[PDB]
Amino acid sequence: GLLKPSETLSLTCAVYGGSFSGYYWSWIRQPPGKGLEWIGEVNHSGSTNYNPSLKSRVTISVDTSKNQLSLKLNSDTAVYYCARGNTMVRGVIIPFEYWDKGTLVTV
Amino acid sequence: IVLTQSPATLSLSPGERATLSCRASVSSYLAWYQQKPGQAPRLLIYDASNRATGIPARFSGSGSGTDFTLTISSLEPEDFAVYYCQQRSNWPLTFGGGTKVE
Amino acid sequence: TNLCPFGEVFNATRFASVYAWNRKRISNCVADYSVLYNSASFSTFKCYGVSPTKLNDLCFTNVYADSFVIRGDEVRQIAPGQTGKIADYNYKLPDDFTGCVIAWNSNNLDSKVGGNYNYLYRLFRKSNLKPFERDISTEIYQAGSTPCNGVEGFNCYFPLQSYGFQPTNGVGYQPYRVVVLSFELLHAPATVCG
Ligand SMILES: *[C@@H]1O[C@H](CO)[C@@H](O)[C@H](O)[C@H]1NC(C)=O
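Residue numbers (the numbering used here), protein chains in the order written: chain B, 13 to 119; chain F, 6 to 107; chain S, 33 to 226.
Isolated chain B (complex conformation):
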């Protein structure tokens, strides 16, 4: 949407199938016409870490929803993707990562 330059940010994605000991759920910016930048990953147990950006995102496997919030949205405009990491070899289940699509603009 065309969010106001200080209205809080809020995006959600649908994720199904638990938190089985190795699963990431990260969020990745993409400023328009520039390179990739990442914002936060939540591991399978509880470990949440970010960039020097003060994001406030949290996943929840019950209710099957990933949520990515923020506080200040000055001017940033980008395209936000929902990843799905598995950075641990689970036998047949190879580690992987897959992304959504979704945009945001300000004024």
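Incorrect hints may appear among the rest.
With a Cα cut of at most 30 Å, we get these calculated BS3-like pairs of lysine-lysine [stated by the list, open to error]:
1) B:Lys67 with B:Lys46
2) S:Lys162 with S:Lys144
3) S:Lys158 with B:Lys113
4) B:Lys67 with F:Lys41
5) S:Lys86 with S:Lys144
6) S:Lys158 with S:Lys56
7) S:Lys56 with S:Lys144
8) B:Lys46 with B:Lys113
9) B:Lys16 with B:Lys84
10) B:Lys84 with B:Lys46
11) B:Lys67 with B:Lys16
12) B:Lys84 with B:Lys113
13) S:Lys162 with S:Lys78
14) F:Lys105 with B:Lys16
15) S:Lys117 with S:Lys144
16) B:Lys113 with F:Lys41
17) B:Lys113 with F:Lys105
18) F:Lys41 with B:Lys46
Here are a few chain F residues that sit away from chain B, every Cβ distance over 12 Å (derived from the structure) [said to hold, decoys possible]:
19) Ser11
20) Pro12
21) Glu21
22) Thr24
23) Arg28
24) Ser69
25) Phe73
Keep in mind the hints are simulated off the structure, nothing from the lab.
Ideal placement from N, C-alpha and C gives every residue a C-beta, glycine not left out.
Mind docking chains F and S with the ligand on chain B? Use the hints.
Using the frame of chain B, we list chains F and S with the ligand on its own:
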């Protein structure tokens, strides 16, 4: 904490072996994604050597490194896009300034 | 009057995964259910049809043994009319079940140094499994409006998932080798007695 990528949009012709460098100094776990224009980037090579569940277009998923002048040397059949690399050390889980193939 | 081969079902070295549970028909043999009930090793022995220590001298025309491996907390779902991801998408016992369910802990056989990821279960499925149905296909489940087209990605989940069995898990998260003996009766002479 950069992942400097050298080639800066190398391109000669289709059907040729292109070598992209990742001259990052880091421990292991460096990943390689491919993003076509106007599309969501997708995983190609996760743990710097292996291959994800895919790349059936040249199947030349190449990773030869951990001495950290990392390289991907792959063919180019109808598979022109932008190519990115990603560190894994979990404070700056950063990306690289990827290059194109046109 | 040759003894039925329970040394090939219970004592087998490679138990099948739950989503591809092994199925063995047993017929034309005398069945000794006395080496089984009082073996004192099975953590779970629940007979949902004929009472356990009376079916020794009861004859059935076929005994179908379904062997697989599941977690400890998921052996309570091997019963007629249950829920979860094992009774729903992997192995559903019919509501008219007439047989026995046997389950013995296998923390000494199916738990390796860092995890025995060789056993999988069907985490995703469009519709619940009809009783005694077996869905071994690995088609990519779809969880959104976007067609999958056979390429796996977001909203296109790989249906299976791997048990992370370890020797140092909780009692629930330890493997339990499970054999479900389903007796059936038809309009044919009985071949399985005691
Ligand atoms: C498995 O084999 C052992 C000895 O080889 C035997 O004592 C045991 O009874 C067998 N299991 C069954 C279910 O008969």
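Hint-by-hint comparison with the structure:
no.: 1; hint: B:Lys67 with B:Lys46; in the structure: 21 Å, holds
no.: 2; hint: S:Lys162 with S:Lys144; in the structure: 33 Å, violated
no.: 3; hint: S:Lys158 with B:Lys113; in the structure: 24 Å, holds
no.: 4; hint: B:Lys67 with F:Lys41; in the structure: 28 Å, holds
no.: 5; hint: S:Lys86 with S:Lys144; in the structure: 39 Å, violated
no.: 6; hint: S:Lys158 with S:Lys56; in the structure: 27 Å, holds
no.: 7; hint: S:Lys56 with S:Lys144; in the structure: 27 Å, holds
no.: 8; hint: B:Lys46 with B:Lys113; in the structure: 16 Å, holds
no.: 9; hint: B:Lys16 with B:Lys84; in the structure: 10 Å, holds
no.: 10; hint: B:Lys84 with B:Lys46; in the structure: 21 Å, holds
no.: 11; hint: B:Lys67 with B:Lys16; in the structure: 17 Å, holds
no.: 12; hint: B:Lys84 with B:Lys113; in the structure: 22 Å, holds
no.: 13; hint: S:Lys162 with S:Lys78; in the structure: 22 Å, holds
no.: 14; hint: F:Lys105 with B:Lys16; in the structure: 34 Å, violated
no.: 15; hint: S:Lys117 with S:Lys144; in the structure: 24 Å, holds
no.: 16; hint: B:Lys113 with F:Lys41; in the structure: 13 Å, holds
no.: 17; hint: B:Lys113 with F:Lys105; in the structure: 21 Å, holds
no.: 18; hint: F:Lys41 with B:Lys46; in the structure: 14 Å, holds
no.: 19; hint: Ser11; in the structure: 15 Å, holds
no.: 20; hint: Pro12; in the structure: 14 Å, holds
no.: 21; hint: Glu21; in the structure: 25 Å, holds
no.: 22; hint: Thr24; in the structure: 20 Å, holds
no.: 23; hint: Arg28; in the structure: 16 Å, holds
no.: 24; hint: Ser69; in the structure: 19 Å, holds
no.: 25; hint: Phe73; in the structure: 19 Å, holds
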